[PDB]
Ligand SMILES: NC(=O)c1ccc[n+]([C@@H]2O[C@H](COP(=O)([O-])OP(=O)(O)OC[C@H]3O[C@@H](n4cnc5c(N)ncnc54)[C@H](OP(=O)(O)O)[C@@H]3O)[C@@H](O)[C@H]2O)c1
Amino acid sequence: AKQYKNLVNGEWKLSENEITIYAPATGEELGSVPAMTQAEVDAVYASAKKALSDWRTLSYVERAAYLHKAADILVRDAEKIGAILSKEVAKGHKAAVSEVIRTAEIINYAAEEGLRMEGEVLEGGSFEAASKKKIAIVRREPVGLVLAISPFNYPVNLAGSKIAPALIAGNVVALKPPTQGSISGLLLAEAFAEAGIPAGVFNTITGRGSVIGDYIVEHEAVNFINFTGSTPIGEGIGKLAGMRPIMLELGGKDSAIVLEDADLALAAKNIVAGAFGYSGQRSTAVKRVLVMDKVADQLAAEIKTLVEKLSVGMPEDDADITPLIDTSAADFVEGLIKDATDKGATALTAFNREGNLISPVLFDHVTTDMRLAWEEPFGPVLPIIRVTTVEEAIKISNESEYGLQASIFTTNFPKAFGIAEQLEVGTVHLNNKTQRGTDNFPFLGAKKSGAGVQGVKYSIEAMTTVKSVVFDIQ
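Will you show this chain by itself, using the form deposited with the named molecule bound?
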């Protein structure tokens, strides 16, 4: 264990108060993180706005060089960081190391994407003959101070996915990690500090989101809020933003649509991998199967066999299903499972709970009257909902308040493309599970799944504006 500190203006600062963090799978004390005051928040933001000018006037290639160095340090320390990340969020050890490696990949890719963004030269004579000698030189500029707020389930990857695109464009950044996950966020900050990031260009803030969360968001030093987390918290940020630009990555209830001509064993393989990864604690993850009646019995059997084979255990043993993040999360999941059983759903795999380790539960004959048909569990439970027509599958899929991603399993690709056009989601994966990657692809959600478009180049465009200089050629 150890006492961690926030990065503030190039200096590691403790706070009067602190919060102790324990491993959710064991209760092991992992350390403590500062509990920041509002004056300490003000100082973070003040140093950031002070460093902005010297940072934005650096060349793109100099800013990229800092990001590449930080990524190299993360790769070097992937095992040491991952070992702690695995404990802090009860994620499989290997999966935690992989998250660190993927973060380095995103940081490097953002550095090189951001140093070659488009600038435009527009001709007045495209619109009006009298203006044929007038041209507009349009160049991108940073928005200023970006507040990045990462979630517990990817506390390093979904911090880096915000930090690096912001920094390459010339923004300064403050990272508010989740409390459960704050040690991992501060370990990420260490890599940026060692890389030599100029004082104040990147800073961290730790403290209970339920105490300082509103304060850090409504502070007028913040020019942009980039948030990943729960839908209700995101909704609140959408109000406190006013006219300030934002990005919200919220909940999902991704549907896997399985048509009569699908490869059922292949559909089952992708569905189980996607639904039960990290115990279902992922926004982009198959959370409901909408399967045509004729093949539903066969598909359910294929899924059941796979779910029964999943390992259920501790993070150190790289179990497929690990303990959920906290007791409230496990209670909520158990509640959803109980509601489905009470309303008559068929439990194809057996429920069991030891501490907060819930064994994976597959339900068949789930109906739209059951909470599990709609609510995001963030736990290892998966409903199968039988449908009679493609039209009905589309209707049920779109009736969700969420619209992150969908999967379509079928051998008729032109038809699948037509269905994809009708689904109110950001991304449709054909014959594969839903996923955020690859990280160059757009990542976005409709409806209550959030706002804005991420993926690397899209994230950079979001956290920049344009400056147009217009003049007349003689």
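Output block for the form deposited without the named molecule, input the form deposited with the named molecule bound:
All you get below is the one chain by itself.
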């Protein structure tokens, strides 16, 4: 029952009230985080804006040095941090440690990507002859204070994915972790503090949404909002963003389109790995199979045999399927399962629920009148929807309010490229499950899946602006 503290202007601060964090899989009390007041948020932001001047005027090399050091510390403490991250969000122990290792890779990569970013020289004479001696020297500058809001399912990886790109460009950062995941976010903060990040350059905020939820976003000191979480929450942030740029990484309902010529065993392997990873609690994940009917029976059988083998149990045992993050999540997933059952879908694997541990449910013969065809479960349930034409698969895919990623399984890549052109998604994976990585690749979602382009170099670009200095050569 350790009492965790926020990093504020280089110091660690409790608050008068606290929030106790329990492990979703066991109920174990993991500790508490501060329930900051609005005035304490004011001090976090005041500290950040004060530190911005000296931070942005450091060299890229100096800023990159802090990031690399913090990544080295994360690697050192990956087992320690991952062990707690596992408990806090009911993520498998090994996956939790992997998340911290991956966070280190992102931080190091962002440091080296950002430090060699360049400006441009534009010629007046490109546009008008009379300005041929007028040139613009266009250099990059930070946007200022970035509010990073990490999600429960990747409370270290999708905190670092915002912090490091922000910091290399000369921004200051305040991290608001989710309450479930606040310990892991504060453990990440410990690595940055030990790396010697200058006071105020990076700070953390924890507290109850009823007290500081909107206040942290509406605060005029914030110049940029970088958020990962649910679609409805992301929509609420867009309403509070005003003129300030935002990045939103929200939900998905990624389709896996399986054509008649697909390698059905490989498609099943990727589909199951992608759909049921972390019990389906991922934005990027196969969430519906759109399969040509000629291969639907064989594919359903190949998916069923794998889903039946998934382990269902506790995070400490590295179970494939772990308890969902809270009771509301499991209730919602059970409801989608019940709707599909009641509307006549075929349950190829049996629904079971012990507490919030839902066994993985595979439905065949899902029709688009069923909620499970569209709504994001964030739970271990996968529908198979049979189609008769590629055109019908494209229409059903694009009919979703979500547009994060898609997978296309086929041996005809020229056709798959033509399909990918028509899919309203950010990324199409050919003969592979959907995935955010590799983290240098762009990561973006269309429609209700978010706004902005992430991936390392793209997140740095998003959190930098330009300063043009124009003069006339004589």
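Only residues modelled in both forms are compared. Positions refer to the first chain, counted from 1. Take the two forms, superpose them, and find the largest set of C-alpha atoms that agree within 1.5 Å; that set is the rigid core.
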item	value
Out of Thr389, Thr327, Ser311, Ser210, the residue that alone shifts its CA by 2 Å or more between these two forms when the rigid core is the reference	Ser210
Between these two forms, C-alpha offset at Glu118 (rigid core aligned, Å)	2.3
Rigid-core-superposed Cα shift at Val173 between these two forms, Å	0.3
Stretches between these two forms where the CA atoms of at least 3 consecutive shared residues shift 2 Å or more, core fixed	209-211
